[PDB]
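Take a look at this single chain, the form deposited without the partner chain, given in structure tokens.
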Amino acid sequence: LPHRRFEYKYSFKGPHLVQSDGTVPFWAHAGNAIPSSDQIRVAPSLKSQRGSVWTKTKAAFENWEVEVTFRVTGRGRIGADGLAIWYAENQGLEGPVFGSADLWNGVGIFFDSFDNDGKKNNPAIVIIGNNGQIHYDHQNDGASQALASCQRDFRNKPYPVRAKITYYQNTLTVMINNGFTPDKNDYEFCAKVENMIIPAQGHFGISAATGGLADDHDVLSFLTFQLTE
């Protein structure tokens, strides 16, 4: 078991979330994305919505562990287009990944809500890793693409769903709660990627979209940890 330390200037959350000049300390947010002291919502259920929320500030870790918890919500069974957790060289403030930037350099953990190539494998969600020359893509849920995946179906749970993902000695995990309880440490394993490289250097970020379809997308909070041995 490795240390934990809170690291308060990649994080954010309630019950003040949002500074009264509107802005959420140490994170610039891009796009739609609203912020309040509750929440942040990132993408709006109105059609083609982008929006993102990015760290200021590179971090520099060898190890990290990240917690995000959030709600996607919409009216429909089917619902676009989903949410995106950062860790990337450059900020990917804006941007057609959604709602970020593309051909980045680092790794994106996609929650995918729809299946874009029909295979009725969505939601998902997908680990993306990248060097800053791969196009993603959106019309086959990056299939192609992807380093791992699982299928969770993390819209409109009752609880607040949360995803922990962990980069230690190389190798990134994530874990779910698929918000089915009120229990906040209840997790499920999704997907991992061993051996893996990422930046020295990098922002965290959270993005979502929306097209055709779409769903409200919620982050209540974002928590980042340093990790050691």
Second form
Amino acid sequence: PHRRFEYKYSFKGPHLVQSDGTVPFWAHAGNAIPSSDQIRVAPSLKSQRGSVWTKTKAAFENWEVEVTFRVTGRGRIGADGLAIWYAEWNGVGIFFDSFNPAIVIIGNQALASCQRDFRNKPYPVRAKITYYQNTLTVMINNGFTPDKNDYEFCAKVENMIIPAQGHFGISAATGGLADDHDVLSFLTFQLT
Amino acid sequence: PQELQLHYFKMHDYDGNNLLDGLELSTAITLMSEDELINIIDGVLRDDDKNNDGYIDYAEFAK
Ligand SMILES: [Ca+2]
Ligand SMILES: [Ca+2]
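I would like to compare: after the form deposited without the partner chain, may I see the structure of the form deposited with the partner chain bound?
Let us now look at the entire complex, which starts with that chain.
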């Protein structure tokens, strides 16, 4: 299909944050910390929660998001992970569950998943999440190459019905164990 | 003059892909309210994004 880049549902560096500390077109809450080249959605502190989400709802029949992120921590084991979502919760989340690691599609029940280590990788991890003709597909570049087009399949759910309008967002959290959860970019495309 | 035009096209092409998107335009435009920013960006895209891909290419910029 035709892809149209949708700026109002997207963020990226190298001038990600405005002078007043805000990300254009997105709200942030909790412990999320914007910076010029990434948003630290939850830092490596105990018991953190942070989120960033689009101020506008999108009403795209079909769409694709490309999210580039790092999850970094001192442990061979970390927590808790991050979630990429589309929600009116009512919608769908793609949960990167560190504490495994696995990547899980959850609708609102866990519908499908893959085992994939997305922590402490030499390059940013990239997730391409596509909603096209009621199929939700998750492709992952697991951070071992800098080729933006080098994805491996993770999981897919056919016959998925999600809200006709919704916000895009990212959430992250930590517990007793704590990684830095950084999102470098979130790029949204409408598909026709 | 053509050099100037290309210089100014590339000025805010921060990712280097030879396409200007609305986030790059947001940096070019900029404290202004978000709705004013949206109005300006949406204006540029309406004026100039002839193939409706969400990008201004050099042909679309130069017009
Ligand atoms: Ca560009
Ligand atoms: Ca165009």
